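Chain by chain, the residues:
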Amino acid sequence: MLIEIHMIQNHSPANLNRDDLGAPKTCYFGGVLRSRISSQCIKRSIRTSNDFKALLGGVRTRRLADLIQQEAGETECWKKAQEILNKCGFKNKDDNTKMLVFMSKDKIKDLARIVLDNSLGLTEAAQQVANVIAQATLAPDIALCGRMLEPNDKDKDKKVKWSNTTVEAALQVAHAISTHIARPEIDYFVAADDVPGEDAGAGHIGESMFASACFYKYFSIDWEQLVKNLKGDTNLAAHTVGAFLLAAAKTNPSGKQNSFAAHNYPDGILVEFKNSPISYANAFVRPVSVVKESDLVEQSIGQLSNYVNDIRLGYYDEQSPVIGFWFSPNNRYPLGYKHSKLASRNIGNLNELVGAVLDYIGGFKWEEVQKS
Amino acid sequence: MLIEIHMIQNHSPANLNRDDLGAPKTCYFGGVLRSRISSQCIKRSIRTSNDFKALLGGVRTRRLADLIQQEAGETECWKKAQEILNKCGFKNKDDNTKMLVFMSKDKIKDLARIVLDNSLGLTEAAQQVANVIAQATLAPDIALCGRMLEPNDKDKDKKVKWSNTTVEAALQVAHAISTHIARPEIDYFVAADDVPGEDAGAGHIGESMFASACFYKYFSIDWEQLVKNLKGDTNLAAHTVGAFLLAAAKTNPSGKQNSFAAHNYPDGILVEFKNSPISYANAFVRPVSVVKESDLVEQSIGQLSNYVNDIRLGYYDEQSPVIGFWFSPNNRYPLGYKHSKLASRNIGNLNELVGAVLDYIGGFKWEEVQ
Amino acid sequence: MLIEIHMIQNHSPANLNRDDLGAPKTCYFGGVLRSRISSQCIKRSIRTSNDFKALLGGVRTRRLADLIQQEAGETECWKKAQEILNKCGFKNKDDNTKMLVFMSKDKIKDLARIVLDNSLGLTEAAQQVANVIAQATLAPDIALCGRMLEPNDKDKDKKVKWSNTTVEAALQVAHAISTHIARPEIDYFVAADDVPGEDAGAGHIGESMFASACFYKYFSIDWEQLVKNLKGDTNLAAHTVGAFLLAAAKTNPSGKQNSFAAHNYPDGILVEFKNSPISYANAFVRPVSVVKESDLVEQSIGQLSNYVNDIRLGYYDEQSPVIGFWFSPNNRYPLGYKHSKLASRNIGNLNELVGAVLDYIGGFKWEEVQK
Amino acid sequence: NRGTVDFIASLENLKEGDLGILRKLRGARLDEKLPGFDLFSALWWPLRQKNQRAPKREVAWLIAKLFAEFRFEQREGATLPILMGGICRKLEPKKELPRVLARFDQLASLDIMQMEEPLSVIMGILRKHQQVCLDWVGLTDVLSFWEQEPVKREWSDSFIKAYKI
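Chains as they are written, first to last, in the deposited numbering: chain F, 1 to 372; chain G, 1 to 370; chain H, 1 to 371; chain K, 2 to 166.
Any given hint could be a false lead.
The calculated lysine-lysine pairs, modelled on DSSO-like cross-linking and capped at a C-alpha distance of 27 angstroms, are [unchecked claim]: (1) H:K250 with H:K43; (2) G:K274 with H:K53; (3) H:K250 with G:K274.
By construction, these hints were calculated from the structure, which means they are not laboratory data.
Could you build the full structure based on these sequences and the hints that come with them?
This is how it looks when you write it as structure tokens:
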């Protein structure tokens, strides 16, 4: 059973994702230029959001020695700690390690015990550190995104064996693409000097780039893989799904928001339950050309509804029913027109949609899975 | 008789097939650069899919000794099996044989049975192991893909005599190529440090690569060779063909799909029945250039249809009729012409298309072979 | 009279022919590196095709004693057959002689008849054996490709002097050069293990080589030498010509075709009736580049048409006019949008092209000559 | 070769907006996306008027696009074969070296019109090892006379000399 989210979201002129130079990230889809928000950026915005604060367990850092000393509270262990980290396969470079370590925070204190044992052998302490690092995967974010960790063996140690450190991700996120052609815009700026002078020049002169766009976003979650990754826990899995839905429906990237502030909520969400993952991004191969009688969002939702209905009636299966939930605030946008009904329920509220989603998985309640 | 499946499929921006340098695999077709998906990627994605799950009969692996020991139940039957495999022409290298072995999964029980027997000498047991390995070729995937095994004769015992091992593959798959020209793109990423420190610098910094293109995929199935390789069971061959079509329709390569998730269903599937295999890859020698009014997929289907019409009217003989089925989701796209239909029956459904091809091939039904 | 066929064929990325190191075969033409397909590859792929199966009446084998035993049934004569084969100067290295022997398959019964009976002696029978292999030339494939066989001299029976055992070739096939530059490509492949283990490594890592190109194929058939090779069988010769045209048009070499499946049809065929052979391979001394306004095949066909016009205008002779046919499926590709005059007849159907070729050859019909 | 020097200096003098304009036009023609055509015409046309010599249009366009994608500080004495040999020497001599050498040797077979991606993979390998310099003037001069045999001979010989030491 796979739970999928398809989002249509308009965005006022902003620069949500950049590159080396500073241009907004673009891509080609259907032979035309688009506007793109990278899936890594969306995943990070979801992970460090307010609705995901209660579930942020893991940490991905190159400064494990500082965290170990902070959980310990005494000075002289810190240097010793990095020596331990030099024997597990993390060669330090300029006060920090050379590679990122992604692990749950709740096991970090156990790391402190290893640098709190002055009777332990160095090789034995390194082996115990490697084991407890390999076993630190009980957190919702690590379960969702997965982990690959390969400590080097050029200068690691002898007779130190690493267990399997690999988690298969239960979350797939597609790069967002604009539902129309891309029109980048250039803003010429100057930096006025606060002090009068003899020339009345500017402190600085330069440019910035920005673009407004209607994006399509796609998330997919495997329920069985998530449950297996969370060591058989179901209440924490339901909490993860609910918090993920609420965070992905109500959080935006934090890139150049101090100057553009595009905090726009989505004007349509499709939540599907099916045995295979499908993405309706092929709907907007022909770019949405704006007509005067309507706007960007209405035509985009109409084309999406057309493709969704054609796919549902085209790849129809008998032994696998499809249950769909359609959400729009106060039913502001239905599934376009030219159809009787496609989704089972047209929910007009976000929390009611979350409650229905948690009810579908067996009948869990949001307030009681909050306790996990 | 040959069953040909042609697919026009548009994909989201993704990196579904790379090389040693981490760039999307490309090629030079028609004198211009195109984006390419290797045939091995498509075959592996088909083979290990949910629709093909009931037919995963064969296993291709280097560690056969582990399978023999696991089937035999106990643990001490590991080094002995390694000795038998070493005497069969498979030199070991750090508890792993050098060469991959492809064989049906049903005969591993027999291998555990012979290895577990301690009353038989080394050379004759090796001979029986070689015989049962050579005769373990009954599986749908082995029938489709074929087998090769050339044991190292310089390491094997001189008393071991191998029978025939090569199996003729009953399936051909082409490297999928993009209809239009290729536009590779470079994605700049960094990995953020999650804790504050002294500098505001990130962790890793890198430049990955990705590209989006509309691909033309081609598969061919030989019916008689499939039935012959499946030891004459036509029901298994029909089930294999139907499950193969279902798995090729609704499965995509898993390369870097956790970050891109280009799970796009094909926008055109055409199925033909004819005695000689032909690929319509020359429909796109000139790249499809997008115009301001039309789109990519519709233009690709139109050009493919024009070339199909030219082939059907140029290479037609009365002594070999051709029956074609064209599938588009709820008839989203027409193919045959702008006014004519070259497909004998347009299908707006996938299961109905599968039932139709089975009914033409033998009158078989999906409720019997499955 | 000579029938010459020039073909333009663009191929999908594949490795239809390769050398000992696996790389696709290349050559230097006009100072520029082009992709090549060897002529023997094309000849074998046409010869062993399904569309030529009704004409395959010859075998080029190394194990003749095995055929003798398999056609004699159950009576044991395999050592005896090997001995008599050794007596006529063929040697024997573990059931296969040192040389390949080309001979029509109809004559194995006669060899079985001579080897079975003990009424005749050994050495004279060996001489008799020679008289069957020197006269087993009534096969279409022997008539087309041609055979030469020179037996040994250090182990002959001194009474087994051979007749003339050669057949002049009635078909000349060129090496299929490419119309443009060579673009070799490397496919980095891996082969994974179905059973998970400790590491993430795979079973095998390697690289293969492939290239996509537009090839120019050239064939020539000598009608008089063909009908002399089959001893005046004009009907059978016309059947061979028609079946050869069908097989050459509708077949590709089977090299790495289970991984690439480049089953591409030709996009243009030019069939000319001449008295002296001419090759249009010099049309592409300058390699064909790509312009956005056209594509590779159209540019190649235009270059071929320009060079054909140059050749016809520079070597016109009123004593021997040349009649040619141009074929493209449904007239998709004409002979350049500049002349419309080098093609005497424009044909859009392959069967109509074959029928017109046969009617020019002898006035026969295709369905008459197919049996 | 003063015209090439002026071309490269004008390329370094570019701001970020037109650099992004050129970055968006990788793998493309010159007949679409008019701002790219106007910027390239502004870059290349004054060279012909004053200086009698000027780099070829295709070579200049390729150099501009490669500079936009792979911004490198122009420094004399940092030719591409020398850096490639220095990278190739510190490699595994059994598997990685033949592959990277094949990717390098692919370059000396094509024309200017098809060198973009085979050069971009080389610049990507360079950027992987954190280079900070590249001789754009020498590369442009070599690419101009790419049809002369001693040019390719010196290219290969410089690569081998840097590899051997």
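To see whether the hints hold, each was checked on the structure:
no.: 1; hint: H:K250 with H:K43; verdict: holds (13 angstroms)
no.: 2; hint: G:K274 with H:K53; verdict: holds (18 angstroms)
no.: 3; hint: H:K250 with G:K274; verdict: holds (13 angstroms)
When held up to the earlier numbered hints, the structure conflicts with none and fits them all.
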